[PDB]
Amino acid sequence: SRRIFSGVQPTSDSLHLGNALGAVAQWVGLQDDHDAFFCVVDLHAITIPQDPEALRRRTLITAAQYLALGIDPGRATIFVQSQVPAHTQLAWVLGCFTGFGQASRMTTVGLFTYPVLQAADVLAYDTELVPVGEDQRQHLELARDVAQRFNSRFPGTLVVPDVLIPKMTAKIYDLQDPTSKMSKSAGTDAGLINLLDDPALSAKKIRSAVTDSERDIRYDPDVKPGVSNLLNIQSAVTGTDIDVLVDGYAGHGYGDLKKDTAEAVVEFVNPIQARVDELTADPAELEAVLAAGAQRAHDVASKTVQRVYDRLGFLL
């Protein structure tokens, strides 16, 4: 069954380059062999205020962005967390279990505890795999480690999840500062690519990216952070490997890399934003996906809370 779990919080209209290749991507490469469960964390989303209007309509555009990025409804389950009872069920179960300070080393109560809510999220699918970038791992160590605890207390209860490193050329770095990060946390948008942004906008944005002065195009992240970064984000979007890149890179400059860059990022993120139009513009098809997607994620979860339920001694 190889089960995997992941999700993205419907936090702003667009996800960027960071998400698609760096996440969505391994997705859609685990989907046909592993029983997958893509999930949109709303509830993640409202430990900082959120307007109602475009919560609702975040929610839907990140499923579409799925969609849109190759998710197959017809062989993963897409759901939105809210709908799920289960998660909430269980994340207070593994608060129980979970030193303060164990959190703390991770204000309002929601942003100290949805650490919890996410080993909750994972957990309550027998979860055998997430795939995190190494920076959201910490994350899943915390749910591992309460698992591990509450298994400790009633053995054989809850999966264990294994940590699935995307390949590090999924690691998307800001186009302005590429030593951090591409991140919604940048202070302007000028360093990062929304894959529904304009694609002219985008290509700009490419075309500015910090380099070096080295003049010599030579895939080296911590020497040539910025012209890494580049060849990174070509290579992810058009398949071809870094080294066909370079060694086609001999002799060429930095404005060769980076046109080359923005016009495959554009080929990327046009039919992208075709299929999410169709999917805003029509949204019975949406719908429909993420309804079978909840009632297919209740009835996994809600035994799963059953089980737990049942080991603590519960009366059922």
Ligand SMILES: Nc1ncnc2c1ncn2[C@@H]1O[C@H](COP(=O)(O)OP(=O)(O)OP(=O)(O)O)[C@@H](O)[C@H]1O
Second form
2 protein chains.
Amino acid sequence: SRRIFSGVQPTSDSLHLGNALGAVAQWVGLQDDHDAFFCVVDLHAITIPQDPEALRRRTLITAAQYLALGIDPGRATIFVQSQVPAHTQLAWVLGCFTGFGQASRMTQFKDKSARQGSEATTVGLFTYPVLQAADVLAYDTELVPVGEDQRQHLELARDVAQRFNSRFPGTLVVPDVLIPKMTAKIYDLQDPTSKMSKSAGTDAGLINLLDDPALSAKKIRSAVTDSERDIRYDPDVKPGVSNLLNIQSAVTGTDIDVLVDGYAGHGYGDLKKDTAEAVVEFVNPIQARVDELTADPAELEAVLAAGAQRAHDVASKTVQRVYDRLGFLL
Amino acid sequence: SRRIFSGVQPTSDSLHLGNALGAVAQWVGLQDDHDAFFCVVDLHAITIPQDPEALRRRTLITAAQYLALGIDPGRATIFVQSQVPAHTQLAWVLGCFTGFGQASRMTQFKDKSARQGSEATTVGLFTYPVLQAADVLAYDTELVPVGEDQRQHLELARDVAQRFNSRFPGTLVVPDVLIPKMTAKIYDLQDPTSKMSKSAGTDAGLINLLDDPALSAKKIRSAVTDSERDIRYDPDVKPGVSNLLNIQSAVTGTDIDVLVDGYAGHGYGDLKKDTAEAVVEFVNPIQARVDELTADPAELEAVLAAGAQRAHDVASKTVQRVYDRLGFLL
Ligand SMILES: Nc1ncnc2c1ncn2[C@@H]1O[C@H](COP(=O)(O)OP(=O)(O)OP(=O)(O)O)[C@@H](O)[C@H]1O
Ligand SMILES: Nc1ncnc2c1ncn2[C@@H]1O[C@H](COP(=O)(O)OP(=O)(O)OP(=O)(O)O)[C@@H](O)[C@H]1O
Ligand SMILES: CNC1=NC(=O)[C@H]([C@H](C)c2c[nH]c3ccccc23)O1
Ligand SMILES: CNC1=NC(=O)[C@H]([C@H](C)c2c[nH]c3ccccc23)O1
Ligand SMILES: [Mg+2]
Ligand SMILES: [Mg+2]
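Right, and the form solved in complex with this ligand of this protein, after the form solved without this ligand?
In what comes next, the whole complex appears, and the chain from above leads the way.
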């Protein structure tokens, strides 16, 4: 079994290297010997105002990038969150076991609730960590492969599951968090100590999978480095250079230490071009797959339709189990 | 059509006079010329820890008291909230359009968040006004018959519906609130300026429908009055006496003004006995109906099973409408 669950929001027209290397690469490695549910979490997207035409299109292109990155619909379940009602059913129950102060200590919330503490925060922006917990717990998930930015959220999920099981033993699976080391955080290229996010202002440090490959290669060349002319791996001291080697290692397969000793005598310029070529060679097979999946959508549609059918059969059994323990009339 | 929705929590083994006169009496009058959905809102109950065996039993006895008070399963839909997944689906969406500060200004929340501001509040205790909005809006409700204690919650529902329709015109029905005048608030009998709630500490001022009728009549006799020996209706000055006449008027059908001029020359003692006899005559037909509904449950079960089927057909169409406007892949 070794049941796995993970999700990405359809908040943009393309994943970036952080999503692909910090999350989806780990999924592709897991799917062959784990029972895997990979979700496009469109209910999370609407915590921020969303254009309806874009939201539907980005939902499909997020699932398409899953397949383009190697997710295999014969080995794994891909589905759209909003199509499985159990997620919200479980999230209401779990919110009843979640401390108010526990939810207000979440970092995302204190960011937006900093400049406009009550003026611009919504309830959804306050409670989405509880819906994230329900996303995982509805599938009896044993392991959750995520980047480091999701760690605090999933500690909340584990705590609420243990609190619930304290009242009702053996109802929910408490999941283990699986965060990588090298690819745990792909950083911005114009700002080496800040996390590559879709909401970065200027995308000149952002590397989108479906962007024009020559533009992404132009951004890699413009990456902020240091001034030591020494190519080595020290992220605390060398944020830029360690990022680029981390990227090149991830898109190729070559260990960082092997890369570093090969870069003995080499300069940052050759490290940039080399990374730029590996990335261009990485994104080009993806863009061609996405373009076929976008142009011919009966294949993608059908994967998502089988996926939601399978996800509903699992997740609704969990809800019915939780409801029976709570004492609801069934 | 004139679509109606209203709900009561299964938080105790009996409704009291406030529920029956402040809410259910109004429903019985409406059901014959309105399209009515009457809900036992068991998802709201679990905002407070609930014994599973009691919660299931109180859910059934709340629906039984509906029928015992005159709700007619041929003219109205009775169902259990947790059995219709659209409620939580809509509540998540609506929370994304609800201001954080708007939800924290709700009175219930500031009560519990007063002594233990973050120590004892849960997310469910903070967000249930949003689930209450979804309860109403999922059925294209035109009118909501409630007591005065629900007014602030339903202003929130109306505001979030208008905010949602602002982005997506004509999606949600904005409901009108229908609060009575006389029976708007049945007060405690040992504390005439506080609202008869199931959580009153001492039930010596609380009049439960299914309590032993002689005990409820004993509590009516012990009602706090004044010391003016004058029987008249002035709730600001005469809180006790106006309560008792309000109760007697509601359980009989006789207008208060007609009662008052009949009580010219009479003392508070005769006002109490007279109320006690009217109540005893009121609760005894209810207890006999509930006792049959409890003892023989295939009838009740079947009403709730038809009710949830009908509620799901309506409420899921609303969700699918909201989801399509939002841009979710259907
Ligand atoms: N810079 C990053 N490096 C590594 N992993 C990342 C990075 N950003 C996001 N992830 C991971 O990608 C997955 C999807 O996260 P999510 O959908 O929130 O993307 P995001 O980049 O944070 O976008 P958004 O700005 O819309 O929140 C998660 O497992 C998350 O930890
Ligand atoms: N004292 C009262 N007088 C009149 N109506 C009341 C009174 N208390 C509750 N109601 C009405 O009864 C309906 C059901 O409310 P609810 O199920 O919350 O009951 P409650 O008496 O408040 O119980 P609880 O203490 O569990 O909240 C609502 O329409 C509410 O306005
Ligand atoms: C705004 N919502 C949100 N942001 C996040 O980073 C999480 C992600 C997208 C998420 C939701 N459900 C999940 C289940 C497993 C792993 C990540 C997520 O949710
Ligand atoms: C704790 N939840 C809660 N307390 C209340 O007074 C409301 C009531 C029970 C409610 C929920 N949904 C409704 C729909 C119509 C009228 C009242 C309610 O909810
Ligand atoms: Mg994110
Ligand atoms: Mg109440």
